[PDB]
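In structure tokens, one chain follows: the form deposited in one PDB entry.
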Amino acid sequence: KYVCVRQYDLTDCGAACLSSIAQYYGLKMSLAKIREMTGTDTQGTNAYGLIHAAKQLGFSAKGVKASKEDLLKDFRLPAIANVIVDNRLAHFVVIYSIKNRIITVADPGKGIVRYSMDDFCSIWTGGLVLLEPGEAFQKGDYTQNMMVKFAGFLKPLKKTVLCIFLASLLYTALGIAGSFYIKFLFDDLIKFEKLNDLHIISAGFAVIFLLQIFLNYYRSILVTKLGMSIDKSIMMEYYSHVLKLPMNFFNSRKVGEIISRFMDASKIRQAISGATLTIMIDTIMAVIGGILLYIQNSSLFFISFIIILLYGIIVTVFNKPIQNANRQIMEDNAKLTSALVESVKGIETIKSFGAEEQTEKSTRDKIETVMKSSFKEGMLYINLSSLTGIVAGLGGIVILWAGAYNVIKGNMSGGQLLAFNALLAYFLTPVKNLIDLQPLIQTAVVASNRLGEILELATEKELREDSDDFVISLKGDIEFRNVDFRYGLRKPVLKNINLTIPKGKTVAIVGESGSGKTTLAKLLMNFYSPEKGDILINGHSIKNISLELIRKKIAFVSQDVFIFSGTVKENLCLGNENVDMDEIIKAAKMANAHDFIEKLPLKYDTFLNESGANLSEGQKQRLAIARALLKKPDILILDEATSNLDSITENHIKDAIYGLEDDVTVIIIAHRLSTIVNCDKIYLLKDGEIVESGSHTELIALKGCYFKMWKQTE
């Protein structure tokens, strides 16, 4: 069988292909784990990541660039081929069989498809990855059934589910009892002209219906409460786990990918609470209805069974094409909305270049594509509805025909036929719902896998080693031994930095843009870990210091500061909750912010709308600096904290942090060389290694890269 693992996101096509190959060869594991192994980033994965993950997964993989002629030759069928769609997006596919000019490929985006050779090589890039099990490829099933894990949420709520079951049973029994009103009307009351009996029986059936309505009300309230509880539990569990995952999880994913998993909570709930309750109620409901129908007449029961069989066959046949059309519509709508967002976000360039006519044409073409996909799905739905209506109406007419024939033959009465028509609802609707549960359960299973593969990921605290409790301070020499680092599986950023930062000293790191300075700042702060080597504080390894203390004694002022929607009192007290106002005022004094914030409306409680969109960039930078010095750190890192600020405020903060109390280490990452000349030591980093060090005068005396940069920049 050709395994085709669906891709959950837009950037895990290669991971999906590798998972498909592994499952075909007998190894099934989490797709999130493989996506971590392949070094998948926000820009998808590449061939090298696939080969590396296959090699370290047990396979014996290799890469090869081949033309169309090489495909005619013989080799291992299950290979991964890099393809390009629409002179556009680059995907990966799994070739499963090279037949006569026709190639079967599993594409994670679409499914199992057949491409003729010519168009395949038109879209297939020359790259190719060959896989084959090696010496150590122990087969396994390292994954867990995730519907059971989420269904375990029903254990605390067994009292609510039990009441729903009883209410549903009583509702069904009352409805079945009340469906015989039409039988009692024609066979007994109308025929014999009984009036008092008519009134009494009608009043009794009205009371029965009112009881049925009350039971439905109670059951609906209970079901709504159960669904809300399950939704809240699932969303809160997912969010609580996500907030603890390491930093390499957030930089390998987009905001949309993380946020969209919340809808998966409702998708799972719709089958955890809905599908199970529907099954339990409708199985007994349909069994009772079928027994009663067979009691009424066997032939009519068989006719109704044939009707429901035809309905189920039609629905099962139409299942997959409808979901394919829905996926295509979703893709087209995403493309159209992305184009609209891009064209309205860069409207200034379009206006300047006079491209308002071609943008309109492109948008119209995308709208046409969306309409074509919508028409395809609508035609599918119309065909399905027409077939279902034919089946239902012709079955009803045939049931009436056969019932009239049976009444004529004397096998049954007219009231019995009308009672059969009434019980047809209580027999067919449960089975109809049971059949219709199939599309919901598949979507719920997909969402359960998508949301629960993340829950298996180890958090940041679980990956840490054993910590030594005798360390209570981070004051001391900061030693960078031979440190390697690379963001995932890209080219290395840091190669052989080996430096020492003395305690209580103002140290500066300068270099070209995109050279590995912010990377060093994040490495010191324990975001990510060095691939090779160690980082030491006061002679102690960075891995042996508790994560809570390491994040509480190191303050960061990033290049792209972030301010959350809230009061200034809350934006300046993100971590701690018990802090005096005097400390906040003192912290804002050194950042040249208190005078600015005082001019704002009210006091240190003004709400910052839209992540501080009313704020300006320099003001937010001052706020971030104030927060950093408010944290009272042992090490303070300023990653270009004065890039936007004017000369006066920059000088003010420079003299403020220059004369700080206590032996608090200060590191300043600078792009403009003239900004800092008074730093105790200056480190020159060019392409991932330090080349020069010392005081500013010392590097000037020693002719080298620093002097050339100073001369060409000043």
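Rigid core (definition): largest C-alpha set, two forms, superposition within 1.5 Å. Numbering follows the first chain given and starts at 1. Compared with the form deposited in another entry:
A 2 Å or larger CA shift between the two forms, after fitting on the rigid core, occurs at just one of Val493, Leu185, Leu457, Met525, namely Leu185.
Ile537 is not among the residues whose C-alpha shifts by 2 Å or more between the two forms once the rigid core is aligned; its shift stays under 2 Å. Remark: with the core as the superposition reference, the CA shift of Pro156 between the two forms reaches 2 Å or more.
In the core-superposed comparison between the two forms, the C-alpha atom of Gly410 has shifted by at least 2 angstroms.
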Given for the second form:
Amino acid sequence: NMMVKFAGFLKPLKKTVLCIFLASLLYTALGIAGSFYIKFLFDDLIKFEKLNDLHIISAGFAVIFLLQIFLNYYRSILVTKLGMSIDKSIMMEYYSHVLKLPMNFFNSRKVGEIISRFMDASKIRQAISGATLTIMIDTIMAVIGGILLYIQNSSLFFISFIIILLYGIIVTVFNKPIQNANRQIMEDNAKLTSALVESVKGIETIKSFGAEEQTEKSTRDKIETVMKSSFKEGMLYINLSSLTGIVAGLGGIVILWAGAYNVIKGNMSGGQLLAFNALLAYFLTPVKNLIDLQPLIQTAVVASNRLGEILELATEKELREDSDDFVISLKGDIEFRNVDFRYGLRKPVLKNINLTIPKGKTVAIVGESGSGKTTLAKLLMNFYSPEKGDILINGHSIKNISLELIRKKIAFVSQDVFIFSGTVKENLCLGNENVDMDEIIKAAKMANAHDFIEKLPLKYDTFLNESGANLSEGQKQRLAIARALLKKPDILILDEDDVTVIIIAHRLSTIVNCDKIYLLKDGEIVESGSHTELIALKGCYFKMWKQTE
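Pass me the form deposited in another entry as well; I've looked at the form deposited in one PDB entry already.
Coming up is the bare chain, nothing alongside it.
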């Protein structure tokens, strides 16, 4: 159904299509008129030795030809502009849809696969270029040439019709294997691209462990698979080309043979036969040219099908349920209620977890590694939806709150810090642009990131390489903290007056002054309270404290 999207893209650009078709009509008419040059040369001028009329008629036919070139130039310009606009629209639609897909899509798929699927739009651009769509128009317009051929002679027209039927049979036979081979080679290319991206990202680890040769062998195996698919598709293309060449050449020879037979029988003159053979270039040649580009069209079709495969998935907002006047503030009691969650379909991470967080207080969540604390933090951020249960903020279900407010009023500071390629201010102004250079300074000073930025060659304007390679891991975390502080959130979640602070702590010694501490065990909260209370009743918190110390 991607062709429906393309047609919708052609809905505003309509006068360009009409001009293209008028130019095609004029071009085809002039070519058909100029095909009679050999007939007028042999029947009238060579036979009668009319030298002067030869000169004038040849000059006139040379003049006629240039108009075809000018019209082809104009049509090619228009088609190139149309194709460029269509390709830009397709790429924007795909990218803008991908940027809002749920986190399951990004956790399941690989970066290289998505990047390759985006870059596959080059095939669509090639198929909608200025040299592949004019051939389609010529194939459509060959009806006029066929009508004129039928008027000129019925027998040779029927022979050309047999050639056309052979072309159609060949295309129908070969259409499916070609697209299957193209799909296979593009899947192999996607796998190779994923391996390439993964290898380049972790080059430091590969160098540290001396795994260059093993990585080379793995990439060599993937390249071998790619070349096997490439060879299969090349053999298919070679078979198609050989069959079409056989049909074209034998049809040309048979047409010349039957024309000679007709000329001997007196049903046609030699000039008429030559004119028919010339007009064949405006009847059969466009069709064969189209058949030549069948692999390219099929490749573009498969690429468009994959793009549509990504484009069918529902976005984050599509899976939402409602919104209302709850969008004022998230200040209140965060209350997980009978929350159950599982990642994909593995063992559940949280099993009937209930906890209430008082408003404006600094609470902390503890447990063993992998217990499901960052899972709670991501659930509070609506990155994943609980399997069953509710998460109430200020007495309102979090599903009824607009996702924009949830993402703007809750700040999550995880240890997977990401720094985008850009200036320090650009990194700190992510999603919160057009902020004056005073809030940024206040947040940087709060996050203790002011000093190292001021020590940089350009204060708050130093360009940062990809993934923050220009900074140490310590300063990168402070930049992340400052960026999250600029949000001015109602709920702040951190790893290691009226704003609620939730601390996901791994070391139990850091938090002894928290207002309330929650212990998570076996996917549920088993112990809660202050540090003194938790160490008093001699529970699992007491065991954890004694084991560590």
